[PDB]
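Based on the sequences and whatever the hints tell you, model everything.
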Amino acid sequence: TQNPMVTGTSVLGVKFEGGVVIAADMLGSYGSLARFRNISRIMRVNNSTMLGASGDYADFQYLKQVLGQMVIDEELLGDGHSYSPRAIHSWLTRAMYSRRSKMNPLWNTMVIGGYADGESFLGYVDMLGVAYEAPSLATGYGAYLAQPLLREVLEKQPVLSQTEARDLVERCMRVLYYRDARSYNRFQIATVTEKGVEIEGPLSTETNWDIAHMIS
Amino acid sequence: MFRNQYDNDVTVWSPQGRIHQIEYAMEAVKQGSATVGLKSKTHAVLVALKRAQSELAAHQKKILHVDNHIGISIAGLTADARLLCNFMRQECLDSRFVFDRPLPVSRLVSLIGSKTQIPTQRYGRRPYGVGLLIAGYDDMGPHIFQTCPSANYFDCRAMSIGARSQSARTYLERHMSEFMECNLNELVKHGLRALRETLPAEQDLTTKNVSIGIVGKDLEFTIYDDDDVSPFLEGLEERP
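For the protein sequence lines, the chains are W and S, in the order given. With our numbering as the guide, the letters of the first sequence map in order to residues -8 to 207. With our numbering as the guide, the letters of the second sequence map in order to residues 600 to 839.
Please keep in mind that the hints were generated in silico from the structure rather than gathered at the bench. For each residue, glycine too, the CB sits at the ideal point set by N, CA and C. Hints may be right or wrong, so weigh each one.
Unchecked claim - Straight line, CA to CA, 35 Å or less: simulated DSBU-like cross-link-like pairs of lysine-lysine:
#1 816/S <-> 186/W
#2 55/W <-> 714/S
#3 640/S <-> 816/S
#4 640/S <-> 186/W
#5 147/W <-> 186/W
#6 788/S <-> 807/S
#7 816/S <-> 660/S
#8 93/W <-> 714/S
Claimed, not checked - Here are the in silico distance ranges between beta carbons for each label pair:
#9 777/S <-> 146/W: 46 to 56 Å
#10 124/W <-> 692/S: 44 to 54 Å
#11 695/S <-> 124/W: 50 to 60 Å
#12 617/S <-> 124/W: 54 to 64 Å
#13 688/S <-> 153/W: 39 to 49 Å
#14 94/W <-> 610/S: 42 to 52 Å
#15 124/W <-> 622/S: 45 to 55 Å
#16 56/W <-> 777/S: 48 to 58 Å
Unchecked claim - Far from chain S, by Cβ distances over 12 Å, these chain W residues were calculated:
#17 21
#18 29
#19 49
#20 53
#21 68
#22 79
#23 126
#24 146
#25 147
#26 155
#27 158
#28 187
#29 197
#30 199
#31 202
Have a look at this one:
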């Protein structure tokens, strides 16, 4: 993908005590046009891995296809071996770097959340192959507008509960609705815990516009 | 005298429903020296007996490293075991490179069997005249796999391949009811007593002919050679 066409904006993610919660708004924009307004930018990989993605949505649908067929082909063996969130993250790092090195990138920026062996996983992969793991992730303009709130809470309190992380994710999505012009007031929140991956949505933000009357 | 119309190539079925080249390659493993593999709940031990071309030669290797968690032992054509080691080492490297995790041992064994079925069905190519005995440790615990020249692979509690390894299987089936609860040293001594019973009456397990390969939970795959089998053999009993 030399030129992205229908892109998705910021995807958040934060580890809490017992899992990871990620969110993504349900909009795919063609340029500035909010053209595709009910598309899910969060994949359930398997029981213990979930994946939200930015960038080109056709490339994310490709990665959904390839990675879901990998999960199917793994579960056919029945041998008790599952792809870990770190394994999905490493496969996806290899995929994005391999497409980078052919000068044909997948125009995506992905958050891989997961929970295996009682340990949370949260992993960033972008179109160049730059991968790392962190207690809070945010792609797009979330790296500018949501990662401050996320990292200040994770500075004061390193271990969040699921309710605190859910409220923090909602609060950053409200900020990204206020300040990011490609965001949208309809988002999914995906959680992976010991109970598996649940995808909740569509969720909306509580808007405040009291500053609109403060102009005189 | 009794010359056979059907044991010419591997792509010929006999009218008895059999493929004789596969069957004849199945006893290329009884042309190899004996090897016992056995697993506990935490460890998987490959014990092999190796032989020397002369008293001045140095005892052909039988346990081979494949990864940090997978180590195999061979019986049969050591030229085919080299093809199989190169293949298996590269598959272990490929999935430690792509997925950054060790192989499931059963997936590598399935992948070996899919490799070795191909010369059992295509013309002008012989079956692999080696049987492997594959110790590994992964998320599902330790594993002992047998692969045969028939491209059929076996998940084993304990196994012996090689020449006159029936007697080890008579030992191992008798004593497999206590392999899982062993520690490391008793599991190695069970493997040695299985290997010691694939011997004639005048022969004994020495430091030169015994090679021991152990993988475990907090242990990478390590081959214990000449000086290193002395802790494992100087705790056994005299031959009964």
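Here is what the structure says about each hint:
no., hint, in the structure
1, 816/S <-> 186/W, "holds (28 Å)"
2, 55/W <-> 714/S, "holds (30 Å)"
3, 640/S <-> 816/S, "holds (9 Å)"
4, 640/S <-> 186/W, "holds (28 Å)"
5, 147/W <-> 186/W, "holds (28 Å)"
6, 788/S <-> 807/S, "holds (17 Å)"
7, 816/S <-> 660/S, "holds (25 Å)"
8, 93/W <-> 714/S, "holds (30 Å)"
9, 777/S <-> 146/W: 46 to 56 Å, "holds (55 Å)"
10, 124/W <-> 692/S: 44 to 54 Å, "violated (23 Å)"
11, 695/S <-> 124/W: 50 to 60 Å, "violated (18 Å)"
12, 617/S <-> 124/W: 54 to 64 Å, "holds (55 Å)"
13, 688/S <-> 153/W: 39 to 49 Å, "holds (44 Å)"
14, 94/W <-> 610/S: 42 to 52 Å, "holds (45 Å)"
15, 124/W <-> 622/S: 45 to 55 Å, "holds (53 Å)"
16, 56/W <-> 777/S: 48 to 58 Å, "holds (50 Å)"
17, 21, "holds (34 Å)"
18, 29, "holds (34 Å)"
19, 49, "holds (24 Å)"
20, 53, "holds (18 Å)"
21, 68, "violated (7 Å)"
22, 79, "violated (8 Å)"
23, 126, "holds (20 Å)"
24, 146, "holds (29 Å)"
25, 147, "holds (32 Å)"
26, 155, "holds (31 Å)"
27, 158, "holds (34 Å)"
28, 187, "holds (19 Å)"
29, 197, "holds (41 Å)"
30, 199, "holds (45 Å)"
31, 202, "holds (48 Å)"
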